[PDB]
Amino acid sequence: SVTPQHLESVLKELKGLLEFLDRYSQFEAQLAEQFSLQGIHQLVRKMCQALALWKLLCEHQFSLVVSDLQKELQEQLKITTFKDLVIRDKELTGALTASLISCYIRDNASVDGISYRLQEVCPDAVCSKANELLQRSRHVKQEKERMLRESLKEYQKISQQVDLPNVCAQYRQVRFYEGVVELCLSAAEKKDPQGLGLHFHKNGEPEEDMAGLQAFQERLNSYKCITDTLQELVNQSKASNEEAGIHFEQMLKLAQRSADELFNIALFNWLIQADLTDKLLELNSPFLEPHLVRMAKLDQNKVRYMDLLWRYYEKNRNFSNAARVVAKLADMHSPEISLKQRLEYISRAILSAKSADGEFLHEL
Amino acid sequence: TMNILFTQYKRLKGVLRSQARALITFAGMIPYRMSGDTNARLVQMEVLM
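First to last, the protein sequences are chains F and E. Residue numbers for the first sequence, in the entry's author numbering: 695 to 721, 766 to 861, 868 to 884, 887 to 985, 1009 to 1124, 1133 to 1141. Residue numbers for the second sequence, in the entry's author numbering: 753 to 766, 785 to 819.
Careful: at least some of the hints might be erroneous.
Stated by the list, open to error - Some chain F residues judged to face chain E by a derived CB distance under 7 Å, without partners named:
{"no.": "1", "residue": "825"}
{"no.": "2", "residue": "828"}
{"no.": "3", "residue": "1083"}
{"no.": "4", "residue": "1116"}
{"no.": "5", "residue": "1119"}
{"no.": "6", "residue": "1121"}
{"no.": "7", "residue": "1124"}
Because the hints were derived from the structure by calculation, they are not lab data. Where a beta carbon is used, it is the ideal one built from N, C-alpha and C, also for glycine.
Extracted from the complex, chain F is given alone in its bound form:
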């Protein structure tokens, strides 16, 4: 609303008043006036910074900057009187600041200068700098990878509030998938620093643990990034095909180093939902066996799980275990099993058997 010069003269008179207040500040009623003067002074500091910021934005094409702001935020700016701007709506302030830093970071100019200007006028500097580094990393082989790793360290340093979807998206634009992976896992770890989600899931996701459920959900949101990246890789692998497929393979062989038990569980859930049961047999995970036996006893659609269990145990050469698995699978009263598949199982059973057990044989 105010071009830079009126704001400069106003800041001149205002910082003059501030000088007076600081100079004379040492010189039920008195304490009351002291509270009122303290409020006046703190508001004055807020107002000096605010007018400096308004001039800062108007000197940098205010219309374009707030044009990037949200239309609802623009309308709220239309109804906001600057008294409410300084007093109550720090959100519009942070949003306009982010909008200007975003204008700069999309214009691919260094953010250090605007950052120092902000820190000097209304103390987002390091955030803007990292943003510039990342966005420029799309326009820069060895050096590109180096800058990608540096932006990765930067964005994982602030992994609490980093917009994981957009960061991973720009990391997908430069084929820097390892960045998306490490950033997803770092955001997960830092988001739930105690692992309340793992205790929740391990306790059976009992409904009473709102905090455990919440931390698990936040880890899930973090992992959703790597999930989407792998899904895009596989989709473009099927539509280039082999390139995005190697993207998928590299993403997954990365995610297979992951030690988060709930993450292995979710990965299993997705993969089985993804019908890649071969890749399921193809990767080493502790919880698979557990998660399997659990789901098999708990899903009530056990047929799928139990078959997969006989399979996996076979691939691990655990003959008698897979044996008993398929054995129950066959015996199970269920309408989804016709005599044929039953006998075919019992066959595979005796065969894995010849591969106490003598009793099992005698029974069978």
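Following the hints, position chain E against chain F.
Chain E in isolation, oriented as in the chain F frame:
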């Protein structure tokens, strides 16, 4: 027989399933103790498809 059909799915890779199934089921019903390592190769190859 199963080694052959295996190589068949091998070349097709590098019905066969239902045929292999018929063979394994035969092995099971057969009132004669085939040798052990026999059963071993049978089960393993039946899996690897």
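Here is what the structure says about each hint:
1. 825: violated, 72 Å
2. 828: Since the shortest Cβ distance to chain E is 63 Å, the answer is violated.
3. 1083: holds, 6 Å
4. 1116: holds, 3 Å
5. 1119: At 5 Å from the nearest chain E Cβ, residue 1119 of chain F passes the 7 Å test, so the hint holds.
6. 1121: Holds, because the Cβ-Cβ distance from residue 1121 of chain F to chain E comes to roughly 6 Å (cut-off 7 Å).
7. 1124: With Cβ-Cβ at 5 Å, under 7 Å, it holds.
The structure fails hints 1 and 2 (numbered hints given earlier, in ascending order).
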